[PDB]
Amino acid sequence: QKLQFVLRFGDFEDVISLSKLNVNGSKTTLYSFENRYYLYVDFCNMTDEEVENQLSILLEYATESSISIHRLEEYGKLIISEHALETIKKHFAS
Amino acid sequence: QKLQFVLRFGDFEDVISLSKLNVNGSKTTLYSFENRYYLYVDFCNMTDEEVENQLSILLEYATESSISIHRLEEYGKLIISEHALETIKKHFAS
Amino acid sequence: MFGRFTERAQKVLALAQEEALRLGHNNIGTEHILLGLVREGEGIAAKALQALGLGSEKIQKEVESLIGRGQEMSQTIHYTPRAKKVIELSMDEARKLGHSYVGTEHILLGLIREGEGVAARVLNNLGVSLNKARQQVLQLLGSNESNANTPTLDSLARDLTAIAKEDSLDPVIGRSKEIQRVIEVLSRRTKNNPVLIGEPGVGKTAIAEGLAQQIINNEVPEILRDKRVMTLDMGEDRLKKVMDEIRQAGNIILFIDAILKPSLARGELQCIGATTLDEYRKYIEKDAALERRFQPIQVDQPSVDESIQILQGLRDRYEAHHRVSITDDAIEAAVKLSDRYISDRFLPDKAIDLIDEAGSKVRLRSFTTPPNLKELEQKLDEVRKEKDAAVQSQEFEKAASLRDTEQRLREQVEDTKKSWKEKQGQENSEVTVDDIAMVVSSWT
Amino acid sequence: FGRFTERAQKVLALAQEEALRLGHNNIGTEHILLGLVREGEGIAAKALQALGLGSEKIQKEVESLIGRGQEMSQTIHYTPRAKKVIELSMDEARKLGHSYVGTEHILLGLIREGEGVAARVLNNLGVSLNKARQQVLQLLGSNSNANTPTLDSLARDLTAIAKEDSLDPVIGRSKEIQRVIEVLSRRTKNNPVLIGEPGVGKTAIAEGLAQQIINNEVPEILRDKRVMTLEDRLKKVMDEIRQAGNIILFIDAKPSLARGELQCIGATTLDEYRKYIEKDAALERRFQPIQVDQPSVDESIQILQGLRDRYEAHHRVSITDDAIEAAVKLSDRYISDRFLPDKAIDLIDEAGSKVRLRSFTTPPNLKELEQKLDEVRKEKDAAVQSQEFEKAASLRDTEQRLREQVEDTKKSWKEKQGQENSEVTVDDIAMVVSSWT
Numbered sequence: 125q126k127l128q129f130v131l132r133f134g135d136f137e138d139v140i141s142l143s144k145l146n147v148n149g150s151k152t153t154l155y156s157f158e159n160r161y162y163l164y165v166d167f168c169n170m171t172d173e174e175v176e177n178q179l180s181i182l183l184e185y186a187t188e189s190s191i192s193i194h195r196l197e198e199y200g201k202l203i204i205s206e207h208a209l210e211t212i213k214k215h216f217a218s
Numbered sequence: 125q126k127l128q129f130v131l132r133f134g135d136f137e138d139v140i141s142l143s144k145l146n147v148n149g150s151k152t153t154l155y156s157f158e159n160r161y162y163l164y165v166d167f168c169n170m171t172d173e174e175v176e177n178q179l180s181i182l183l184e185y186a187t188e189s190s191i192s193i194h195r196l197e198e199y200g201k202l203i204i205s206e207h208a209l210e211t212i213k214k215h216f217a218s
Numbered sequence: 002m003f004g005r006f007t008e009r010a011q012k013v014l015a016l017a018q019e020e021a022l023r024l025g026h027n028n029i030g031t032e033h034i035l036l037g038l039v040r041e042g043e044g045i046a047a048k049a050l051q052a053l054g055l056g057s058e059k060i061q062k063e064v065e066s067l068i069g070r071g072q073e074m075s076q077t078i079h080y081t082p083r084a085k086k087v088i089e090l091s092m093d094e095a096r097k098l099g100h101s102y103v104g105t106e107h108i109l110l111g112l113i114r115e116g117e118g119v120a121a122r123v124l125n126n127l128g129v130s131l132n133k134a135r136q137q138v139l140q141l142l143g144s145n146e156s157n158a159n160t161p162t163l164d165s166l167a168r169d170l171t172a173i174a175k176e177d178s179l180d181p182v183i184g185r186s187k188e189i190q191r192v193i194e195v196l197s198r199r200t201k202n203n204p205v206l207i208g209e210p211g212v213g214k215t216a217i218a219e220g221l222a223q224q225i226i227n228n229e230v231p232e233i234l235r236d237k238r239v240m241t242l243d244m245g258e259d260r261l262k263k264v265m266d267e268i269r270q271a272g273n274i275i276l277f278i279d280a299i300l301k302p303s304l305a306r307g308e309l310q311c312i313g314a315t316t317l318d319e320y321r322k323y324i325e326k327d328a329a330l331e332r333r334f335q336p337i338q339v340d341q342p343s344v345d346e347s348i349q350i351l352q353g354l355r356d357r358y359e360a361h362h363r364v365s366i367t368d369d370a371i372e373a374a375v376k377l378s379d380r381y382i383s384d385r386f387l388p389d390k391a392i393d394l395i396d397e398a399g400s401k402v403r404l405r406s407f408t409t410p411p412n413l414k415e416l417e418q419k420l421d422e423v424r425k426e427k428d429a430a431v432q433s434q435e436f437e438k439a440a441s442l443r444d445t446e447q448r449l450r451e452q453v454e455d456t457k458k459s460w461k462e463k464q465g466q467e468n469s470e471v472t473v474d475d476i477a478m479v480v481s482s483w484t
Numbered sequence: 003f004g005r006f007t008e009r010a011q012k013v014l015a016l017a018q019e020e021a022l023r024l025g026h027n028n029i030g031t032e033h034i035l036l037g038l039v040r041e042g043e044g045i046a047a048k049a050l051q052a053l054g055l056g057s058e059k060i061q062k063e064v065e066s067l068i069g070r071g072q073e074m075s076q077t078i079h080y081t082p083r084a085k086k087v088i089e090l091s092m093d094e095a096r097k098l099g100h101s102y103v104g105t106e107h108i109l110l111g112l113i114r115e116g117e118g119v120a121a122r123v124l125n126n127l128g129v130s131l132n133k134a135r136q137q138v139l140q141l142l143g144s145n156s157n158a159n160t161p162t163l164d165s166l167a168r169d170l171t172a173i174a175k176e177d178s179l180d181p182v183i184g185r186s187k188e189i190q191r192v193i194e195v196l197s198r199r200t201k202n203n204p205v206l207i208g209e210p211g212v213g214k215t216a217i218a219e220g221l222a223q224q225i226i227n228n229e230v231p232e233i234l235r236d237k238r239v240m241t242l258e259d260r261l262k263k264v265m266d267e268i269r270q271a272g273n274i275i276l277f278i279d280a301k302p303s304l305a306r307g308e309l310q311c312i313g314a315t316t317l318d319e320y321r322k323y324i325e326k327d328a329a330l331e332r333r334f335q336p337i338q339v340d341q342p343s344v345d346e347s348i349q350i351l352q353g354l355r356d357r358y359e360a361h362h363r364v365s366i367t368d369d370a371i372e373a374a375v376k377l378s379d380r381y382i383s384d385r386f387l388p389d390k391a392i393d394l395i396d397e398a399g400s401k402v403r404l405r406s407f408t409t410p411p412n413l414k415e416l417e418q419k420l421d422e423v424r425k426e427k428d429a430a431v432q433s434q435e436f437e438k439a440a441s442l443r444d445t446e447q448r449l450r451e452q453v454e455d456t457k458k459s460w461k462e463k464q465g466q467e468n469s470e471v472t473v474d475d476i477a478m479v480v481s482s483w484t
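Chains as they are written, first to last, in the authors' numbering: chain b, 125 to 218; chain c, 125 to 218; chain C, 2 to 146, 156 to 245, 258 to 280, 299 to 484; chain B, 3 to 145, 156 to 242, 258 to 280, 301 to 484.
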């Protein structure tokens, strides 16, 4: 089962919101593309049950884009690497 | 076999009529809905033969509505609780 | 009741009441109607129950074993709403049988159909499923009743020889010398087929029924005995199909009032045509198989007196709308005014139209709303509400008397709503002239 | 996002109660779910009690996946997911004729948009998604010879249909009705053709016979008779009739012809009928006419009040009576090119919206803040992709000051519902007309 996903938020504030929680053993990176912001999640080693779980939360705040992840790595716009959630929580939660 | 039923009367007087008998070990409650009056019967402990029996009588005076009983408990209009028959007999039979 | 049934019906129904009280109950439900049927012991309904193994003995024991005494109240009782449905039903369980009138069976039929109720349980308790029962009644009622006639008599299309066989056929007058002129034009070999032209109007179609009667008994050439009159017409997928299934059977003459669809003269395909003064102009104008095969005769707007007689012959038959037979003195007007006074038809259609204008109209002045007691009902309404809406608030005894206040009204209403059976004894079955002359002035 | 039951509204705000009771900052689908099982009395609440899901079992899974608890509570808002979930319950009720949303529909609406936290609470509490939509369902529900064929829809049965007590008034055209009956008895010009300037009234005359045969005074054989209404199913059903004949047909708009029975009441115009009898002559024969005078002015009035209740559907009427008086009288003499019952009704409608319309309009010179606001967000975006966070977060803390700003003059516009909500009198009606004349 796959352990890396790419999600699209409609408006940026949706991302801040997500940030205000716990990323947890979750490397994550954030792109800007077609004016909408995509976010790329990478779970290292988790039980499938544990991931289908976690991913649930994420999509309270996003949807999952059919977007080829390498389209971003090439033709996107990087904004924050590896610790993408973590950084937004810094500059935005209060 | 189920031991609680919800019946619809075409006109109210049909209900008075039903009252003029014997309820008998029968808790009963009466709602008003779509201008037609529904009545909700609850037999505590009776043999199936004993209930298929009793229900017969009732439907000389009503028909049995497909209506989800909880639709009433929420969106209905209560008129008499628990002793619904009993009450109409008081204020109406002579 | 709620109409009219057999004695057997009516007896079995009142008989429910007999049983209403014999046990002291206060409303006669489906369970009493059932006792009613097995206790008149002689209706078809009664007979059936004797089959399933259900005498009065077995039944009443189940019933008393589910109701028993017995508030002698008997405060002038009425039905169960269920049972009132059960009656409404037998009426339909007989539409569904051509039975012009309800009776013991239909009411037993009517019970099964609305199986929710006490009767139904007596039996699902007496180990007698509901269908085993509708069966038994059925297996005690049933049906009622030349080759080529098959395809033909099928379609379509009203076999006039037939309606003239059982003598189940009106006179009809004449145009008696008119009927004859048809049989020349029909006994030929040149102009084989006849065609009547006149205002349409003179119910031309009437003359045709004429042959049916005479070809039968019997004044007509041995050149025509053993043949058949039939109708329609005009012009779909059932094409050359049945028409092939007739050329293959020479004994046939036909009636039309429309198009051409002319495979004329081909087979023994022999016609009689009814078409307007002019429309025919627009068919021999087609020509010339027209001017040839088919061939015409002038239909007369009946002698005014003749008109009168036609009316009477079917007078007894317009008693359907409740007022005739009679009055003669009235008929004469229907007719007479039309020949001279407007004055835009044939002298036999006009008449009957006056008659029918009035052939309900008076049965109607019967049904009009009573005095300005249109107002009562208006009142009674406001009541239910108070009663009703009150009942939703309760306000209970605030209704008891409210209900009572209601029925006070109602019986008052119905008593003066049926006081207009007098508007019936005044008008219903009336007729005289003045009714008509109205109809007339209300045409100019 | 609209209006639901108390039960709905309470359950929703109740999500917020739970928003904070755990300290989170956005109320997601997980809180809407706590909301439902915690008002413990909604049909939604009831269902959960079925699957084996008390508040106890649930909140334990949820805290086991989020927990405290930044008391931030900086005036919170929804999850975009849950905003979808709300948009959905609205639809999970269109899909049920339920004129108003409530506890169930919201539970319905959650399953539908299963991607989210609620959904996982349950796929975790061993309660697949469909076993659940079921439980809610099993707590809601519904409301004859030749009729078999006929009884499509095509073409609904005026008669038994109004036998079920289920019928209203109905105001006539009381002598319009009875002339439908002199004709519907005859044997001469038998089948009556209903000519009058279109409408309304017209359909109401046949809803008459219906009312008359049934309760009950009528005559020349006419009892147990239905009045029925409205190509690869054509003459199909029509044979269930040449085999049983308790039936008048009510037409709207053709003649498959008096091949026998066929009792029908005619829907046609002053002239449209002359588009039958000219080609003739089934007309002067079978079919036969009668006119719809325009209903009595006073009768006109007490016609609306009957459907007053039923347009209450747009918010203002019922009432005012003083409001209808207008509609009707204006029309009879002041243009004055229709029919005296149809016109009035139409007028209401102009206003039968034109008021909920004027109700939801736009605030004062408060346009230009929108324009300001716009570029700020914009200015915000550009910098975040440049990051430049602070140099923007500035800009977010700043866009948001303007947000709650404009609201308190748009929510300050339920200050504008009042000045017309259910206000009704001629005021609104006649200005309508300044145009039509």
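I should point out that these hints are in silico values taken from the structure, not numbers from a laboratory. Each hint should be verified, as a subset may be incorrect.
Unchecked claim - Within a straight-line C-alpha distance of at most 25 Å, the following computed BS3-like cross-link-like pairs (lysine-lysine) qualify:
| no. | chain 1 | residue 1 | chain 2 | residue 2 |
| --- | --- | --- | --- | --- |
| 1 | C | 425 | C | 457 |
| 2 | B | 263 | C | 262 |
| 3 | c | 213 | C | 463 |
| 4 | c | 144 | C | 262 |
| 5 | B | 187 | C | 463 |
| 6 | B | 438 | C | 301 |
| 7 | B | 438 | C | 86 |
| 8 | b | 201 | B | 237 |
| 9 | c | 144 | C | 237 |
| 10 | B | 175 | C | 425 |
| 11 | b | 144 | B | 425 |
| 12 | b | 144 | B | 326 |
Hints, verified against the model:
no.: 1; hint: C:425 <-> C:457; in the structure: holds (22 Å)
no.: 2; hint: B:263 <-> C:262; in the structure: holds (22 Å)
no.: 3; hint: c:213 <-> C:463; in the structure: violated (42 Å)
no.: 4; hint: c:144 <-> C:262; in the structure: violated (70 Å)
no.: 5; hint: B:187 <-> C:463; in the structure: holds (17 Å)
no.: 6; hint: B:438 <-> C:301; in the structure: violated (93 Å)
no.: 7; hint: B:438 <-> C:86; in the structure: violated (81 Å)
no.: 8; hint: b:201 <-> B:237; in the structure: violated (76 Å)
no.: 9; hint: c:144 <-> C:237; in the structure: violated (72 Å)
no.: 10; hint: B:175 <-> C:425; in the structure: holds (20 Å)
no.: 11; hint: b:144 <-> B:425; in the structure: holds (23 Å)
no.: 12; hint: b:144 <-> B:326; in the structure: violated (81 Å)
This entry does not satisfy hints 3, 4, 6, 7, 8, 9, 12, going by the numbered hints stated previously.
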